[PDB]
Amino acid sequence: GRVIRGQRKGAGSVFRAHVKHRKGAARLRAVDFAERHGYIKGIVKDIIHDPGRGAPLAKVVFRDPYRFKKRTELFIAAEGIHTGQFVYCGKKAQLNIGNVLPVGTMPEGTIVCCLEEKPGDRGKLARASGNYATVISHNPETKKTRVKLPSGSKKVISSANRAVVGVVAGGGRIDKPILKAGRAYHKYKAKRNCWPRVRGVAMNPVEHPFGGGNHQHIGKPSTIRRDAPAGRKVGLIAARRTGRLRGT
Amino acid sequence: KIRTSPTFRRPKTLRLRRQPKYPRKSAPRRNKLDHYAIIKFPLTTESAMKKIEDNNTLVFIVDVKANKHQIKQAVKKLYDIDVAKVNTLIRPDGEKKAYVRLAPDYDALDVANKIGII
Amino acid sequence: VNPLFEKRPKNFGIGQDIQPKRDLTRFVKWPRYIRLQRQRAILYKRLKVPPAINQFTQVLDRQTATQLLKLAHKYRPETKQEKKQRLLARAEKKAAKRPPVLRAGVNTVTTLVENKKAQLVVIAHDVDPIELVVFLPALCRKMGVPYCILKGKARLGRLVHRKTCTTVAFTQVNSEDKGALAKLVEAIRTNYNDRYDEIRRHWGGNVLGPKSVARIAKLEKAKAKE
Amino acid sequence: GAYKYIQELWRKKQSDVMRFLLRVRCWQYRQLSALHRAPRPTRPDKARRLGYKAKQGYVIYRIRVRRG
Amino acid sequence: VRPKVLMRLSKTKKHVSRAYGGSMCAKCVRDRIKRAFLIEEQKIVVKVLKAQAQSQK
RNA sequence: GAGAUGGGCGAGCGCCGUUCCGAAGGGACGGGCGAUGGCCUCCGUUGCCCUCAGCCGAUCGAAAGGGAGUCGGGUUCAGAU
RNA sequence: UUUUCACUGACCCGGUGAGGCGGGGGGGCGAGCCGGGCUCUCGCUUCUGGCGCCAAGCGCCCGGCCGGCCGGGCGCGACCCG
Ligand SMILES: [Mg+2]
Ligand SMILES: [Mg+2]
Ligand SMILES: [Mg+2]
Ligand SMILES: [Mg+2]
Ligand SMILES: [Mg+2]
Ligand SMILES: [Mg+2]
Ligand SMILES: [Mg+2]
Numbered sequence: 199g200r201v202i203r204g205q206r207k208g209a210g211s212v213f214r215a216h217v218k219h220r221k222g223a224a225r226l227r228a229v230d231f232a233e234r235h236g237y238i239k240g241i242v243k244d245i246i247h248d249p250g251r252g253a254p255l256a257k258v259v260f261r262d263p264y265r266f267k268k269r270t271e272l273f274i275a276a277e278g279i280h281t282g283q284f285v286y287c288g289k290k291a292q293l294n295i296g297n298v299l300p301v302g303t304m305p306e307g308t309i310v311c312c313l314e315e316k317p318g319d320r321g322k323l324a325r326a327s328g329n330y331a332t333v334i335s336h337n338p339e340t341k342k343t344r345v346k347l348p349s350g351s352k353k354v355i356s357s358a359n360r361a362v363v364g365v366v367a368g369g370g371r372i373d374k375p376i377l378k379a380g381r382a383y384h385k386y387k388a389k390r391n392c393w394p395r396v397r398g399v400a401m402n403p404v405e406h407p408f409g410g411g412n413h414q415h416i417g418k419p420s421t422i423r424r425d426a427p428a429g430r431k432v433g434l435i436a437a438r439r440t441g442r443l444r445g446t
Numbered sequence: 233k234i235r236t237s238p239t240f241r242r243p244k245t246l247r248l249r250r251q252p253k254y255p256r257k258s259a260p261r262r263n264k265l266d267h268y269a270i271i272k273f274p275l276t277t278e279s280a281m282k283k284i285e286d287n288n289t290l291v292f293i294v295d296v297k298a299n300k301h302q303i304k305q306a307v308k309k310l311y312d313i314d315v316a317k318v319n320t321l322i323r324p325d326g327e328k329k330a331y332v333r334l335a336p337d338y339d340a341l342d343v344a345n346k347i348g349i350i
Numbered sequence: 003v004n005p006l007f008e009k010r011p012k013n014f015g016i017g018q019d020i021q022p023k024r025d026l027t028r029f030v031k032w033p034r035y036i037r038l039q040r041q042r043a044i045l046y047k048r049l050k051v052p053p054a055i056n057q058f059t060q061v062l063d064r065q066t067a068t069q070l071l072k073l074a075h076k077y078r079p080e081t082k083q084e085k086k087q088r089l090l091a092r093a094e095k096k097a098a099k100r101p102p103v104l105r106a107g108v109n110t111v112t113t114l115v116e117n118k119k120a121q122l123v124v125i126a127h128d129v130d131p132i133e134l135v136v137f138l139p140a141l142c143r144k145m146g147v148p149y150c151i152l153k154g155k156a157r158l159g160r161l162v163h164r165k166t167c168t169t170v171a172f173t174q175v176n177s178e179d180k181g182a183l184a185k186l187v188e189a190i191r192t193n194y195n196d197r198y199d200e201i202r203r204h205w206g207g208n209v210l211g212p213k214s215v216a217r218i219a220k221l222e223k224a225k226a227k228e
Numbered sequence: 088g089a090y091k092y093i094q095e096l097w098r099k100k101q102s103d104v105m106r107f108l109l110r111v112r113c114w115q116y117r118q119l120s121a122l123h124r125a126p127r128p129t130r131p132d133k134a135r136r137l138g139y140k141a142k143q144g145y146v147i148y149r150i151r152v153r154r155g
Numbered sequence: 253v254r255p256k257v258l259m260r261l262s263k264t265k266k267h268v269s270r271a272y273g274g275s276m277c278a279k280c281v282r283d284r285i286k287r288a289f290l291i292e293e294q295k296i297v298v299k300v301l302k303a304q305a306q307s308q309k
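Which chain is which? The protein sequence lines are A, B, C, D and E, in order. Under my numbering, the first residue of the first sequence carries the number 199, and numbering increases by one thereafter. Under my numbering, the first residue of the second sequence carries the number 233, and numbering increases by one thereafter. Under my numbering, the first residue of the third sequence carries the number 3, and numbering increases by one thereafter. Under my numbering, the first residue of the fourth sequence carries the number 88, and numbering increases by one thereafter. Under my numbering, the first residue of the fifth sequence carries the number 253, and numbering increases by one thereafter.
Quick caveat, the hints were computed from the structure, so don't treat them as lab data. Incorrect hints may have been included.
Claimed, not checked - The calculated DSBU-like cross-link candidates involving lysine-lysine, where the alpha carbons are at most 35 Å apart (straight line), are:
#1 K213(C) <-> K12(C)
#2 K341(A) <-> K31(C)
#3 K227(C) <-> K47(C)
#4 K220(C) <-> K342(A)
#5 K155(C) <-> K233(B)
#6 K165(C) <-> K140(D)
#7 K91(D) <-> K76(C)
#8 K290(A) <-> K31(C)
#9 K253(B) <-> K233(B)
#10 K256(E) <-> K257(A)
#11 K23(C) <-> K289(A)
#12 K221(A) <-> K387(A)
#13 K100(D) <-> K76(C)
#14 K389(A) <-> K207(A)
#15 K272(B) <-> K283(B)
#16 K257(A) <-> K31(C)
#17 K31(C) <-> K72(C)
#18 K341(A) <-> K223(C)
#19 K86(C) <-> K76(C)
#20 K256(E) <-> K267(A)
#21 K309(E) <-> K243(A)
#22 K119(C) <-> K244(B)
#23 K12(C) <-> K239(A)
#24 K418(A) <-> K289(A)
#25 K99(D) <-> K119(C)
#26 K153(C) <-> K50(C)
#27 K268(A) <-> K119(C)
#28 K267(A) <-> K31(C)
#29 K140(D) <-> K86(C)
#30 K289(A) <-> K9(C)
#31 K267(A) <-> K299(E)
#32 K165(C) <-> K76(C)
Said to hold, decoys possible - Sample of chain C residues lacking proximity to chain B, with all beta carbon distances greater than 10 Å (derived):
#33 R24
#34 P33
#35 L71
#36 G181
Stated by the list, open to error - Chain C stretches covered by chain D per the calculated footprint, using a threshold of three residues with CB under 8 Å from any CB of chain D:
#37 104 to 112
#38 183 to 192
We put the CB at the ideal spot given by N, CA and C, even for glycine.
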């Protein structure tokens with residue numbers, strides 16, 4: 199047969215992301231002495247919308263504590279932050295919306311966005327529009343804390359990693375239905391070439407393991423095992439269960 | 233000495249200057265683009281005659297490696313005249329024509345008479 | 003004093019005023035060769051060095067080393083210009099004894115040791131393959147000749163007129179130096195030759211880092227308290 | 088001669104002394120690059136018996152080959 | 253004018269005679285002056301109150 | 001978007017890679033030191049020391065993108081900002 | 001021989017212009033104990049869309065001209081060992 203499109207996606211010839219008009223990578227502040235021990239404050243200057251990402255971004259200006267300069271950083275904007283606000287980053291910054299401080303100091307039940315998965319990583323978790331994470335419990339020994347991720351999984355992280363306080367701005371974006379293929383086209387044009395999805399059953403057998411036949415039917419179980427070679431691993435990938443959910 | 237920056241840069245060392253124990257080449261090459269070899273012959277067409285009579289210019293055909301400064305100096309050397317400005321173009325044949333206008337107190341008719349074109 | 007003159011103190015609190023240019027030599031990103039030549043020493047501290055190599059760390063003390071060098075200064079091999087002068091002098095005398103001298107070189111020293119013609123042996127401690135001389139102390143002990151470890155193959159090679167020498171040996175000395183040599187030999191034999199059992203069974207290395215030992219100390223102190 | 092002693096040392100690669108030496112040297116050469124010039128042969132006896140001499144015009148290059 | 257035309261122009265035509273002249277509007281200039289003065293005054297107040305509390309304790 | 005050096009891989013021609021495992025700056029406000037020319041005045045060309053100093057990575061990539069500055073009249077057989 | 005627990009030094013991951021890491025001293029705040037000592041804590045920035053670098057000051061040396069005038073160096077400020 200022939201190489202299927204899901205298998206062609208790996209080389210990234212025409213499937214690479216469109217990143218010319220993006221405004222930068224949204225990252226937390228780097229770890230240093232000032233925020234490790236005390237705190238520093240930065241001014242919020244602009245709140246920008248970058249292409250391809252639902253959540254807006256904030257441009258925060260800090261001053262270098264080691265030389266005469268001003269360091270500009272791009273954050274994930276939390277709800278309620280306004281331009282000209284003061285945001286404080288550090289170990290002993292008070293707990294209120296906007297500020298970033300380690301999860302080991304906030305009381306349990308705190309709502310957290312742009313969580314940092316490992317110390318120093320500068321923010322990896324709960325950074326999509328309207329998402330957040332919640333501190334569950336602390337372990338004073340071994341320096342670990344338990345958090346609940348937006349997918350519902352509970353994960354244990356080191357308490358020495360920073361995290362923004364609040365919930366990511368731009369919630370409820372999925373509420374509005376795309377009414378037309380035009381809106382869908384404009385949505386995915388700013389992300390990558392993946393939108394007009396063509397069904398496998400509509401294809402030819404040389405092109406897909408489902409294509410062919412005088413009737414449009416899959417012809418074989420849709421659940422494929424996890425250890426199937428690329429070019430065969432299509433359908434429902436190693437499904438524990440299938441069908442309509444009934445209950446939890 | 234104490235360090236104030238957390239980076240290490242390569243220290244600047246003494247770079248001694250070339251002194252060759254023998255010249256690479258035996259003798260300096262001869263300038264093959266001199267005044268005689270830079271100008272080939274003057275055009276003697278009706279357009280050239282009209283130009284020399286009207287615009288007080290002299291029309292020459294030079295080689296492709298000559299620039300306006302060299303052309304001006306070569307004309308000054310060969311014909312003992314002053315040059316105002318030079319226009320140049322490369323003909324479709326491959327030769328590079330030159331339009332040489334003279335200072336207002338020289339006469340292009342007299343220069344053409346002495347050079348030998350008329 | 004002018005009342006205008008007045009101190010303007012600088013407050014280097016967190017996030018208040020720009021930090022001064024203090025010493026940063028402990029946090030510099032050193033080049034790869036420096037990093038390698040320091041981490042090699044760190045690993046030499048870390049790993050359990052076998053006694054065959056650890057024996058070179060226990061070295062002669064400074065006063066005895068100075069006496070050994072000042073005694074050996076009387077027997078440095080002659081220079082090339084001195085040999086040229088001797089050649090001219092001998093030609094002049096012919097047309098008109100071999101004094102004792104240090105024997106340098108690992109092969110010369112080892113053959114003298116196994117033939118029993120060396121009254122003591124001096125060994126360097128930092129030969130960059132240690133295996134050039136790692137066998138030597140056992141050989142010298144078995145043959146009976148005294149041997150010592152001297153800090154610095156460079157200073158050892160200063161005695162000869164060469165950049166570096168691994169080992170040198172005294173084959174014979176003079177009447178005015180017999181007593182000094184004998185005293186030095188007996189001191190060296192007491193320190194090195196007679197201690198060879200615990201030298202041979204003395205393992206090295208196996209020491210942790212300062213932060214590691216500090217936290218272990220904190221843990222054990224807490225345990226001893228409760 | 089010390090060369091024979093060095094020969095039997097390098098024949099007894101399995102002892103603890105040589106295990107320490109090979110461990111340390113392998114770590115160091117691994118930190119170094121894959122093609123560099125050694126100022127001196129690491130095994131003078133072996134290089135000499137292979138044909139090396141301490142003259143001018145002889146050089147030693149220590150290089151690394153990916154295994155398998 | 254275009255950015256490379258400003259080479260030809262003179263400083264008087266390029267700026268205005270004031271602090272931050274030709275770089276910041278007069279409204280924000282005066283707001284900045286007032287902000288600076290008031291922040292310094294409240295810093296003095298906070299310092300004196302803190303020192304008085306420390307002396308009392 | 002293409003593409004060297006470092007690095008890695010490769011039997012090999014070579015390939016990956018574009019800041020990633022590099023000691024990646026040959027510059028300068030200024031001071032001193034030593035030599036030189038110009039009425040050695042004062043300055044300039046200077047070699048060294050003292051001091052100051054980040055580049056997002058060499059380089060290529062648009063005759064429709066960015067990019068200071070020419071217009072009027074006349075003139076040929078065929079050229080005109 | 002194996003199971004678990006523990007360590008770090010090979011090996012791996014992340015951040016930085018590799019900028020304050022681990023100990024000890026020093027200082028403040030209480031608490032408990034008789035001006036003294038022990039355990040514990042902290043060390044300077046949270047009303048405001050402002051500014052912040054290229055050391056003030058102190059102590060000790062030396063240079064030049066005539067105690068007066070001009071111009072340099074070192075340490076503290078910015079604790080010590082790893
Ligand atoms: Mg498409
Ligand atoms: Mg079909
Ligand atoms: Mg098939
Ligand atoms: Mg104006
Ligand atoms: Mg390439
Ligand atoms: Mg163009
Ligand atoms: Mg254009």
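We went through each hint and held it up to the structure:
{"no.": "1", "hint": "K213(C) <-> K12(C)", "in the structure": "holds, 33 Å"}
{"no.": "2", "hint": "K341(A) <-> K31(C)", "in the structure": "holds, 29 Å"}
{"no.": "3", "hint": "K227(C) <-> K47(C)", "in the structure": "holds, 31 Å"}
{"no.": "4", "hint": "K220(C) <-> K342(A)", "in the structure": "holds, 21 Å"}
{"no.": "5", "hint": "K155(C) <-> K233(B)", "in the structure": "holds, 29 Å"}
{"no.": "6", "hint": "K165(C) <-> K140(D)", "in the structure": "holds, 19 Å"}
{"no.": "7", "hint": "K91(D) <-> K76(C)", "in the structure": "holds, 32 Å"}
{"no.": "8", "hint": "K290(A) <-> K31(C)", "in the structure": "holds, 30 Å"}
{"no.": "9", "hint": "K253(B) <-> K233(B)", "in the structure": "violated, 41 Å"}
{"no.": "10", "hint": "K256(E) <-> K257(A)", "in the structure": "holds, 30 Å"}
{"no.": "11", "hint": "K23(C) <-> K289(A)", "in the structure": "holds, 25 Å"}
{"no.": "12", "hint": "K221(A) <-> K387(A)", "in the structure": "holds, 16 Å"}
{"no.": "13", "hint": "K100(D) <-> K76(C)", "in the structure": "violated, 42 Å"}
{"no.": "14", "hint": "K389(A) <-> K207(A)", "in the structure": "holds, 14 Å"}
{"no.": "15", "hint": "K272(B) <-> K283(B)", "in the structure": "holds, 19 Å"}
{"no.": "16", "hint": "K257(A) <-> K31(C)", "in the structure": "holds, 31 Å"}
{"no.": "17", "hint": "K31(C) <-> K72(C)", "in the structure": "violated, 43 Å"}
{"no.": "18", "hint": "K341(A) <-> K223(C)", "in the structure": "holds, 21 Å"}
{"no.": "19", "hint": "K86(C) <-> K76(C)", "in the structure": "holds, 20 Å"}
{"no.": "20", "hint": "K256(E) <-> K267(A)", "in the structure": "holds, 28 Å"}
{"no.": "21", "hint": "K309(E) <-> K243(A)", "in the structure": "violated, 42 Å"}
{"no.": "22", "hint": "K119(C) <-> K244(B)", "in the structure": "violated, 54 Å"}
{"no.": "23", "hint": "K12(C) <-> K239(A)", "in the structure": "holds, 20 Å"}
{"no.": "24", "hint": "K418(A) <-> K289(A)", "in the structure": "violated, 57 Å"}
{"no.": "25", "hint": "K99(D) <-> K119(C)", "in the structure": "holds, 29 Å"}
{"no.": "26", "hint": "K153(C) <-> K50(C)", "in the structure": "holds, 22 Å"}
{"no.": "27", "hint": "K268(A) <-> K119(C)", "in the structure": "violated, 77 Å"}
{"no.": "28", "hint": "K267(A) <-> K31(C)", "in the structure": "holds, 23 Å"}
{"no.": "29", "hint": "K140(D) <-> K86(C)", "in the structure": "holds, 27 Å"}
{"no.": "30", "hint": "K289(A) <-> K9(C)", "in the structure": "holds, 33 Å"}
{"no.": "31", "hint": "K267(A) <-> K299(E)", "in the structure": "holds, 28 Å"}
{"no.": "32", "hint": "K165(C) <-> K76(C)", "in the structure": "holds, 19 Å"}
{"no.": "33", "hint": "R24", "in the structure": "violated, 7 Å"}
{"no.": "34", "hint": "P33", "in the structure": "violated, 6 Å"}
{"no.": "35", "hint": "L71", "in the structure": "holds, 33 Å"}
{"no.": "36", "hint": "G181", "in the structure": "holds, 50 Å"}
{"no.": "37", "hint": "104 to 112", "in the structure": "holds (count 3)"}
{"no.": "38", "hint": "183 to 192", "in the structure": "violated (count 0)"}
In summary, the numbered hints that this structure violates are 9, 13, 17, 21, 22, 24, 27, 33, 34 and 38.
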